[PDB]
Every structure is written in structure tokens, then in C-alpha cells.
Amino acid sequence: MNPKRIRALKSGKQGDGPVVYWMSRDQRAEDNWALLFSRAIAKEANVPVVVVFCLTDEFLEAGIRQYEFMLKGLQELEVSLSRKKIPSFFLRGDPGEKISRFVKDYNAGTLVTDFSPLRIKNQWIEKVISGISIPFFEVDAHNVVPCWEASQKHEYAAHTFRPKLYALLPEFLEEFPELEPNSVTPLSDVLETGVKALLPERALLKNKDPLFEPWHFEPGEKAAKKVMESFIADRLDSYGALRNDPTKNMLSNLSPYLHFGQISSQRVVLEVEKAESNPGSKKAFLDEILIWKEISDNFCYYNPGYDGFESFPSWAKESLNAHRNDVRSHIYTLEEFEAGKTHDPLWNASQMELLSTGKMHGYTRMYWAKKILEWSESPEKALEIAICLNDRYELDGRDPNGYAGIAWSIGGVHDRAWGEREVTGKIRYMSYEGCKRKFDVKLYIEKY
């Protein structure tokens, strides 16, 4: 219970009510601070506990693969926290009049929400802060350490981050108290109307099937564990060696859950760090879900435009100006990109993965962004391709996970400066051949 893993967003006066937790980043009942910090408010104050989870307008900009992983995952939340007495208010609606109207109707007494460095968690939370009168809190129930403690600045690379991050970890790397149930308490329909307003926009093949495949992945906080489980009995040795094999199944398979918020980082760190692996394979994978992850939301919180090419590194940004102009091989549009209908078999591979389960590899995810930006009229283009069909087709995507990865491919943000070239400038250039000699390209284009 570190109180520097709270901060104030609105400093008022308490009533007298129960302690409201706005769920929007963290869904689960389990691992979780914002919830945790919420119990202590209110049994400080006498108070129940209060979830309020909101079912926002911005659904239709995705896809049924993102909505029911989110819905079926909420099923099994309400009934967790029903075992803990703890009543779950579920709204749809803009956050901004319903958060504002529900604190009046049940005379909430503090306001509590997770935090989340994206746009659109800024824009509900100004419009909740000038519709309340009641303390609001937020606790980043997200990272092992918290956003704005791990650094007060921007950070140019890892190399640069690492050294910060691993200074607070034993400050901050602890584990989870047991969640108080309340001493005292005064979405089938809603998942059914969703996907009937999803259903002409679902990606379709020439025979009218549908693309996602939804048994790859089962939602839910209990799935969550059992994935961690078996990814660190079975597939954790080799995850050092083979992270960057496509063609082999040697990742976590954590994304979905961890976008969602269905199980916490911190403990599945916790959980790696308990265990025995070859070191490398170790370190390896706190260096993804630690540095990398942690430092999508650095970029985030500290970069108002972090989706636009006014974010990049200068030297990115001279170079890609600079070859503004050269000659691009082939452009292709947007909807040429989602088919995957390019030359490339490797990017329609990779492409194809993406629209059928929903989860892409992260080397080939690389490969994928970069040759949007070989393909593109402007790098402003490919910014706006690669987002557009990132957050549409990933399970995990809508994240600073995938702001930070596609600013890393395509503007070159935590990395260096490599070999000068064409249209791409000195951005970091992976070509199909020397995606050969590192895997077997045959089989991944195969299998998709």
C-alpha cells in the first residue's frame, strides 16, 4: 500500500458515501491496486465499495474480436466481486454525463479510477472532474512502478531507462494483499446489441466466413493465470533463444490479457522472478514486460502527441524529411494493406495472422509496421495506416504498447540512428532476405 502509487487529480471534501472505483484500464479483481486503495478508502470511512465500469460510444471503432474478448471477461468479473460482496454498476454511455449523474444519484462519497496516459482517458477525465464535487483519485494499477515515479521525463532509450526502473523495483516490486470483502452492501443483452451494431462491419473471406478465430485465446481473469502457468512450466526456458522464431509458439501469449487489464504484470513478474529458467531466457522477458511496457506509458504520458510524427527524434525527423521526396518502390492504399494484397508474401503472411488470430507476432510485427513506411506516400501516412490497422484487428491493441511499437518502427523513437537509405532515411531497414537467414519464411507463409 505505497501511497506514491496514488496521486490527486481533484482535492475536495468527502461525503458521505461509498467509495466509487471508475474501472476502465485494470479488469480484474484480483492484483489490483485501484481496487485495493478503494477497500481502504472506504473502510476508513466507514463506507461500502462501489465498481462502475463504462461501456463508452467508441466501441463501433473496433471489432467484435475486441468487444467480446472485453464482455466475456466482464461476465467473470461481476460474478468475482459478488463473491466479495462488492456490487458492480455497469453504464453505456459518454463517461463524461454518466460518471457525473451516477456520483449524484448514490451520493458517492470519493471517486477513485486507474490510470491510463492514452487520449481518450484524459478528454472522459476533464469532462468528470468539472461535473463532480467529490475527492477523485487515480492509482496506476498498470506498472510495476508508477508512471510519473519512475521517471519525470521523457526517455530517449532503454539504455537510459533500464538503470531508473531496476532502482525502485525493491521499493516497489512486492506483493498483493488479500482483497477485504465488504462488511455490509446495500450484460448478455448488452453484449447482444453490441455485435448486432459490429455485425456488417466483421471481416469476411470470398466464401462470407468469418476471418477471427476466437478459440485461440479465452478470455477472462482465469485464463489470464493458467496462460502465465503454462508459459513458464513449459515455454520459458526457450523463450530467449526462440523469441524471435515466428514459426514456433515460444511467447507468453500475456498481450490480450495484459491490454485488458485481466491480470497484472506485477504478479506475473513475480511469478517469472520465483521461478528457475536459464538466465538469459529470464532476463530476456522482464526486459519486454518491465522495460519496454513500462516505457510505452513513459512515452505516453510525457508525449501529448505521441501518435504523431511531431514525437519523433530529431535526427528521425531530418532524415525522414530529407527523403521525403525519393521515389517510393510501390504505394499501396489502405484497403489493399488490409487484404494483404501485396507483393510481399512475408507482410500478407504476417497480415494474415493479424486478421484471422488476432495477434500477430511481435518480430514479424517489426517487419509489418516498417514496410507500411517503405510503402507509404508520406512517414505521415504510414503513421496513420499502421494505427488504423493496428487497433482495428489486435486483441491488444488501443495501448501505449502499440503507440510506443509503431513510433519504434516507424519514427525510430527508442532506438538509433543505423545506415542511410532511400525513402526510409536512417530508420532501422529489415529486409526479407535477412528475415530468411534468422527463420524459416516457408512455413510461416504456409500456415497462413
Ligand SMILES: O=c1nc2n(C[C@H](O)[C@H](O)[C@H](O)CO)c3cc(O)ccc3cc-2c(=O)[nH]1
Contents of the next structure:
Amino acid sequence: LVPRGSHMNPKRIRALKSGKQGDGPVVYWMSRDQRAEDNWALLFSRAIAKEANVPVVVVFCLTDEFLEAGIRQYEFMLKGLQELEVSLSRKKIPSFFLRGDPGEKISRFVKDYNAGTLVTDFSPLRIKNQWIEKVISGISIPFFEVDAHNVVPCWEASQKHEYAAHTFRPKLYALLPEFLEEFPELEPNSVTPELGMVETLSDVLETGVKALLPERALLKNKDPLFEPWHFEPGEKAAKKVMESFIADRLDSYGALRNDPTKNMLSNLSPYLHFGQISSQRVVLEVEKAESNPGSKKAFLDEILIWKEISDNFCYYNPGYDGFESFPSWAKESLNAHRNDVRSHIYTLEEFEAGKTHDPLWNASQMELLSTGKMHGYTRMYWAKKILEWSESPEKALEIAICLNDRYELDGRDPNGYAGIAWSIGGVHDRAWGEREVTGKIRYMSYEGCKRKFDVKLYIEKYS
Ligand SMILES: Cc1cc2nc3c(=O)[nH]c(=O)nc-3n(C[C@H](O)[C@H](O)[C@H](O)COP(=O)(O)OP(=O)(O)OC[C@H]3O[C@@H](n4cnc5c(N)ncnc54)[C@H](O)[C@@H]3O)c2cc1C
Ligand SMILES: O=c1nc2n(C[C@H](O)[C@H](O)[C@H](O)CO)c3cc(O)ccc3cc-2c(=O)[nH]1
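Coords for the form deposited with the named molecule bound, given the form solved without the named molecule:
Complete assembly follows, chain above in first position.
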């Protein structure tokens, strides 16, 4: 059914719904992993199709709202998809396009297109679970899930929530020999569909990407400060970004990754978030590069351990966007400090506009507003001050999530929920010295940042 093959480890795929395979095509419902290369979900779909002697097709369902995403994210995504249509067409793989709630739309497409098998990629977010539940209730064919985003499938890396990077790391590293491997080439279709009410991705893109942008987003926020030229979308551009990282930035990454005045990060996160490039691919190429061992170890721990522990966090904590997901020590500490007098209480709107008393905080928010990607070091500072200057930890978490999800190109992502939870709630951290308001949550002061990098320069750049 799912045939054996070179580099096709069956542990990457599991049945969401087992059943009777139909005579029709294999449909890959693409959602998280928007690429044609290095995509285990697409590769498995193609293998299932080959075994059944049917075509494989791809379908995508555009929702007009997604976790507070606006025009900046939808346009980045849709420009990517425009390129993807060409790549898929070159492999003779049809791509179809739906609009609305994927729950309803995907199950109806499965009926209308007479799919014999359904496959999707893996996301641990609540919204994907909700769509999947609805689809299952509406189909009568087998439905598989493939982890295309993680090197080690999320449900294999650990059977539970990992409290620390140091408990996850040995589990993950022990499984790299099995799962850190090259990808096979995607075989083009050899079987022709020749196949109403179904529009192709090509069809819907004939009048451009702008026509597809959600109306509700534009109306809610014109997004005047966004600068679209910092990150070009799509698989080709992602590859360029990875190659320039390796060539120009990787050697200095270990020394300078915590300095937000230096452009020494990979800049891969928007591409990784939309699955326009594979983290497994990135790891393979970094492993091959001759660079500083310190920098390689640091980079690999981020894209392997911290990225995959974020999927672990969301997968094993259904309330990952809530205070109750925090470790017990942190809930106890924040609870004990709930009635401490705050020095500042900012509204969502004040934080959003960068209108605090702290110019480093404001500059961090301006980097986010202007570029859609805040430096990783200042993201920690930024979220921690939202805790410090909100009425409650719950309110802080709500605000941090909202701004991250509204404005980061790489947001609405397990890495964001996990990073915000680390920052505000000590998830995957330890307790530090007790303070008013913030209790034992790790503190990051303005003066501490001044000691570590040129704060004045960062502020000037985003003024
Ligand atoms: C408050 C807060 C919010 C965050 N929100 C997001 C988010 O919405 N989306 C997002 O992808 N990351 C988020 N992160 C994690 C991290 O800051 C970003 O992944 C990183 O800054 C992206 O830039 P880069 O790809 O140039 O990073 P690089 O340092 O080059 O890292 C390469 C890749 O490794 C992964 N990675 C790196 N650092 C982390 C980390 N700390 N946790 C998890 N994975 C990591 C990412 O996939 C990243 O793209 C957040 C962190 C914090 C503290
Ligand atoms: O399948 C979809 N995935 C969309 N995604 C992808 C999202 O990463 C996945 O839907 C989740 O991983 C759950 O599968 C978006 C991601 C963003 O950051 C912003 C907007 C979207 C919109 C959609 C969408 O309309 N349909």
C-alpha cells in the first residue's frame, strides 16, 4: 500500500484514517510544506500512487483567515505557490486550488475528484487538528499523515512533552543515524488523469497574486510600514538564502548570532515556516560545509534541537498557547506575583505601535513592523517585557502571541508558541532569582543588553 523504497522510511507516515483505497488518484493535501523538492509528504504520495498505478495530484485550500496573518504573510505565501505551480507542472503533477475552510473543502474535493487516497503533511497546531477532524468525518478513503517538516518524525522523536533541551537532545541525536538522510528525486507522473467545478492553481493565478489576497486582512490593516524587499519568496530564493548563509555568514554565526546589529543569522525562518525549504536539506548542506566547528554546532542545535522541540511542545501540549502549558514552578511563581504592582501596563495597541518608554523594546517592535523578522536575540527581550508591563501573565501571553502572529513572516508557528512560552513562562528554561512581577522567570534588563551589544546602533537603525 505504502511501498518500500530507497530512502522511504515508513516511520515518517501514519494513518489518520485506515480504510478502503479507492480506484482514483492519490491527493496530497499540501498545507505546511509548500515545496516540490525535499518533501517527504509529496514523495510518499507519489510512491503510494506508483504502487496503485494512479496519478498523484496536489491540492491546496486557501483560508481567508489564519491565526491573525495579514497581507504580508499571505502575499509571501501566495508568491511562493505561484512558483510551486510551475515546479509541480514540470513534474506532470496537477495542482488544484480551493477557497474556504479546509475541513469542508478538502472532504468535498475528495468526493468531487474521486480520490482513492488522501495524504497530508504534519502540523501540531490546533487548527490543523480541527481541519483533520472535519475531513475524517467526511471521507471514506484512507487518510495518511507524513511528517515532512522534522528530520525525525515528531511522534517518533519522543513519546511525551520534553521539559528541557537537555532531555530532548539525546533522544533526537540517537535517531539521526536513521532519519538524517538524503532525499530521493521526485518521479514525474506517468499516468495521465485527463481530469469540472475544480480549478487548477494555474487557473486561479491567471490574474495575479493580488487578486487572491484576503479582503478582510487588507481592511483590518493596510500595513503601511512593511518593507517587502528584504525576503524574496519561494523555493529558488530559499536555496539562494541557504547558500549565502553557508558561504558568507555561517563561519561567524557562533560568535555573532546574539548580536542584533550584525546580519549573521541564516535568515531562513520565513522559508522554513512556509516549508519553502526543508530543514533536513539545510542540515545536510551545513554538515557538508567546511566552517568553524563552534558555529556549525550552534547552528545545528538551533535548527535541530530548538526547532524540533517546538513541534514536541505543541504536539504534547494542546493548550500550548495558554498559561497552563507553563511548567508548575513557573505557574506557582507567576501566581505568587500576580498582585505585585506593575510599573507599566501597556495595551495591545501601544505595544503594537512601539509606544513604550523603552527605546530598545520600541526598536525591536519597529524591526518587526518594518521587516517582518525580528532578530532572535531581541525576540527574547521583547516577549519578556510584555510579561513585565502587562496586567497578568495571561494578558501578556495573549499580546505576545497576537503581535508575533500578526507581524512575523515566520510566525503562527510552533517555534513561536514555544519561544513565547520559554520567554514568558519558562518552558524549556530554569528558574532564576526571584523578582517582583516576573517572579523566577529569567530576566533580561536593558543595561544587560547594553553590556552585550551596541544597543544604540540597533535603536538608530530602527528609528
Ligand atoms: C519570543 C519569541 C518568538 C519567536 N517566534 C518565532 C516564530 O514565530 N517562528 C520561528 O520560526 N521562530 C521563532 N522564534 C525562534 C527564533 O528566534 C527564530 O526562529 C529565529 O530568530 C529566526 O531567524 P533565522 O532563521 O535567521 O535564525 P537562525 O539562527 O539562522 O536559525 C535557523 C533556524 O533554526 C530554527 N531556530 C533558530 N532558533 C530557534 C529557536 N530559538 N527556537 C526554535 N527554532 C529555532 C528556526 O527554524 C530558524 O529559522 C521565536 C523566539 C522567541 C524568543
Ligand atoms: O493550508 C493552508 N495553510 C496556510 N498556512 C500554512 C500553515 O503553516 C499551515 O496551514 C499549518 O502548518 C497547519 O497545516 C498559512 C501560514 C501562514 O503563516 C499564513 C497564512 C496561511 C494560510 C494558509 C492557508 O490558507 N491554507
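We call the rigid core the largest set of C-alpha positions that still match within 1.5 Å between the two forms. Positions refer to the first chain, counted from 1.
Moved residue between the two forms - picked from 163, 200, 279, 170, where its Cα shifts 2 angstroms or more relative to the rigid core: That would be 200.
After superposing the rigid core, is the C-alpha displacement of residue 380 2 Å or more between the two forms? Moves: no, less than 2 Å.
For residue 210, state whether the C-alpha moves by 2 Å or more between the two forms after rigid core superposition. Yes, residue 210 moves 2 Å or more.
Superposing on the rigid core, do we see a C-alpha displacement of 2 Å or more at residue 37 between the two forms? No, the C-alpha moves less than 2 Å.
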